[PDB]
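Undergrad: If you want the building blocks of each chain, they are given just below.
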Amino acid sequence: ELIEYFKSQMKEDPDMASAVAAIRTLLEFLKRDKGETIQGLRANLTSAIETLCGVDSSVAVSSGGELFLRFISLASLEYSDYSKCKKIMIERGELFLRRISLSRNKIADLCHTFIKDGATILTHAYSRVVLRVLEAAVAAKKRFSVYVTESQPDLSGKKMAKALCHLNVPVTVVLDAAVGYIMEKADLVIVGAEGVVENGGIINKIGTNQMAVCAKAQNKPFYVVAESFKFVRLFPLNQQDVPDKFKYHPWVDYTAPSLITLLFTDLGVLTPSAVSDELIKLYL
Amino acid sequence: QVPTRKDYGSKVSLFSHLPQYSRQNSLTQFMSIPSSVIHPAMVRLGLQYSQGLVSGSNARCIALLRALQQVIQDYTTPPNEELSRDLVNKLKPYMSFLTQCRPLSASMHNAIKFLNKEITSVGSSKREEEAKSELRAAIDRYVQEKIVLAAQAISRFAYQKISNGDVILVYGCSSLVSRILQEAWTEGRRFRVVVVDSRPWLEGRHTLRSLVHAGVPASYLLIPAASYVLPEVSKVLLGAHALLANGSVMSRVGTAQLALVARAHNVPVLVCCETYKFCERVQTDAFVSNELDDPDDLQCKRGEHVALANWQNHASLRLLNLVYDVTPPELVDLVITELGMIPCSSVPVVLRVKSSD
Amino acid sequence: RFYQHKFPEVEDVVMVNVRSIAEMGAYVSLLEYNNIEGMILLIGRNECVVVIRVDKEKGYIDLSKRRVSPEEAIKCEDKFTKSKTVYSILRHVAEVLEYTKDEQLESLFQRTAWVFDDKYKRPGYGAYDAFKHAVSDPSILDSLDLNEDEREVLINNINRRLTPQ
Amino acid sequence: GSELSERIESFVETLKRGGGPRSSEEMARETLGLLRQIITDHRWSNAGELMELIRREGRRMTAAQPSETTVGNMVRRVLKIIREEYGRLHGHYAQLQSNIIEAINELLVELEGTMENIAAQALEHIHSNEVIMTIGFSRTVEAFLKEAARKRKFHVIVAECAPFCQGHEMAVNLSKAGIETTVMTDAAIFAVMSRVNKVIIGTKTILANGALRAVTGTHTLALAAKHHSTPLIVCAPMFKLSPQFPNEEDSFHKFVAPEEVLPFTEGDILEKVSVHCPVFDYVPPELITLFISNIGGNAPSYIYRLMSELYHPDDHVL
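Quick mapping for you: the protein sequence lines, in order, are chains B, H, L and C. Just so you know, the first sequence maps onto residues 5 to 252, 270 to 305 in PDB author numbering. Just so you know, the second sequence maps onto residues 166 to 522 in PDB author numbering. Just so you know, the third sequence maps onto residues 7 to 48, 65 to 187 in PDB author numbering. Just so you know, the fourth sequence maps onto residues 8 to 98, 125 to 351 in PDB author numbering.
So here's chain B without its partners, still in its complex pose:
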């Protein structure tokens, strides 16, 4: 009833992110096949779409769903009829979607004055969030050449080069194993996260841990970007701790959590140990 609605939004529109597509999917899917109760509807159909959406190997999806269920939990009133529990009180969800669409604009506004001129940049695989901050940085009339890696489960990095030369900066791709060959060339290594967790760990694609271990190898500051959605609520320790269903030849690995240096979101700038301070501020 909504699964190819979600997949239409997913792979017939590669503009938005997967988490924001999922939360738009269920927020417009408050027009539900009417069970018309507070608890049961909520529990079974939201947990059911979080299960049935699990054909993809992403990790931002279920986290964004649970972030929406913790959103909807707060200002849910009680006033004697089942009309404005949330079935009339839905404009809160509308303002939530527009504010956490404006989130990407506000991280661009926060970090456009943050990469300095002359500093070349080495970067991992693609995001829908590295390009907006780097082109809000170029659009402040700055100048910087960029390196990018291969990121091989696929021919990936060519997509990043094709996107960014169209966005008018000099780009040069590099092989994956040539990181420490060219890590020392860089002045700044920025990383679009896959999902940010409460100890500063950044589970991401197969080479961000490479970037962190080479970053402590060079003592060069290692900056990660995330929006208000993708604060996943796991807790990792090592290289078997994240669930196996998130993995499958691995496809996701886990960087060390205590060596990144500055991150930033909708709520401002955060030292990567204040992530727990804001995550306790989340889920009520």
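Careful, some of the hints might be misleading.
[Said to hold, decoys possible] Listed next, the in silico DSS-like pairs over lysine-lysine satisfying Cα-Cα at most 30 angstroms (straight line): (1) B:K15 with B:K110; (2) L:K87 with B:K302; (3) C:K87 with H:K519; (4) H:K176 with C:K231; (5) C:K87 with B:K302; (6) C:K231 with C:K209; (7) B:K224 with C:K259; (8) L:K106 with L:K143; (9) B:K145 with C:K87; (10) C:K186 with C:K231; (11) L:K80 with B:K91; (12) B:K209 with B:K163; (13) B:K110 with B:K145; (14) H:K400 with B:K249; (15) B:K209 with H:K400; (16) B:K224 with B:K162.
Don't read these hints as lab results, they were simulated from the structure.
The hints should help you fit chains H, L and C onto chain B, whose structure is shown.
TA: Showing chains H, L and C alone in chain B's frame:
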């Protein structure tokens, strides 16, 4: 009429705050078998507390709390008189008898601050017998909710945070680490638990004999052979005595030793604490608040020669065995408190979780 | 289960102890029945909670502190004391020769529906708590039963030691 | 009035003149008194025109010299004071004059007890027969060691902050109470921290991200104390905390005239060599361990909550 207490033998100049005290004298050689000031159940459980069978932090807190329960279970305040300030004016000299009987382990300092909080809250124009009744009800519901509900929530987090095919070591001693490990074991999990201790104590024979009566395999050694176990183990647990303001796990004798040699071979650490085990004051390292146990207990039963027997005849000779020591914050990874798997330097957030602000 | 009203309707004020939390609140199955679970809107102790909305085919009920701030108690202690006098004996019973594992599910409430709580009114079991302290008090106990009156179940339900009321 | 504009131009001319006057606490007191006068300059219907007024004036204050942040963040906390008063009328016209009057009055009072609270928490940290290390002085450090030397005994060594020196003035200032202190050159600190065990830094500007923007020489001493693992404490109050960010600010450094490094008796060498020296360096949050404040010590990460509760978090635009 005023209690005093002396020191024993040679003493280190670096410890002007906290002295050394020997476990081999009375505490009634200055005050009689009764005492018009000090209470009999108080000296009962304080002399329990002094000799060293009331060892665990949770156990010594509930012991002190039931001692205070016996205090305010019967204490008749005489009339034409104020309740709260005279109660604290009697009970804090009782705290002085505590800290001079054996020095502070600041969880009970949080307990007596809680007691101040409760006695100044209920008024004095209120009739005082049912005020005593609701006060004793308040403190014992407080202590059972803290202890057993924190133990159940930490066990609830612990059900998932042990894998299968893994192993684990433990160090230190408490009832909660035993509840954690056996309530992790008995649900179909399969993991052997090596147990490591130290000297002069070998305290964790407690935890080892509880763990083998829970029917779990083991192997036992000491932290000066902890360089042998770091190839084998896949995660390391620790206990904790107290939680210092910048995320320092004030804890047992060789805790930070194991943390250092853990991420010297890069196996991540994991500690356990609770709500009231957080103080206010903050410090840099060991040399401020750290007790000394018995000096002469350092002994080996090998041949006929105790190699510190004639300690007292020497004067150009000193010794130390610090037990209650600190850890830098950025090697203890995270705690398992009742609020959840929360990282280390993020700990002192709970100072203004009070007024919903 | 002890009521025959399968879904407890509006302003049924019950104090079921909280069992297991949720992301909205707590999944609390009410001990009044077996298969009725719930909700709380914004650790393990009971509290006075009213019920607001209702379903039919899906079984999910919902409940919170809607407006009920100053409410007197003793009606609710009367509620769950009468409701706890009827578990160990008075759900299945028999013309009593108690099988004690279970009795028949379709010959289950052949007289118990008419005499304890699902009677004519709320002053129905009001009068069944006013007159019937037990049927021992007074000793001129009621007529009008499916039995003679209680001839086999007289000794076995309550009239054992004193009927303390 | 004509008095307001002339006295704020007196403060911007003593701002543009450079280093000085006396210390940051005189800056605090006189800027608070001037803003006390400003909330009695003229009336305002709603809060917004006073906010554009004080926003423009503090904007010129920060823009005239970006070197320090004391006037900037006292303006920012006056802004959160009106923001909570704005919260405490709808939670415009009742007593807001007198309310902001008493608000900055208690701000004044808690300012004049700051270094005395620092002297109160000065005791527990240093030990006896141990050695502490300082670079230059803030008068925080003066109250600190003046309290903690009166009952114990220690051995303070000090490398001055010398593009031009003033740590020798610290030395002659505290040495007339006799703690038996030593001074040394700024490039001999590395070997002597095999025999130090703890080090303070008296900074001037601390920012949001846990890092600190202190006098120069503090970065190499911070890295040397990293490579001996002695603990790092920074004796700054909560007062002079800033919300600003390092490379968000376009070169928060301020260079002074290189006359103090290459003197103007130089001969022919000068016009083919660049020469520059900062007063302020940048040292990461990773390396301090123990704050001390008015309310007590705090973590390096815990100044984040101090920012967010002590400043309305969108006054980053002054």
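Undergrad: Quick check: which numbered hints come out false for this structure?
TA: Number 9 - this is the single hint that the structure violates.
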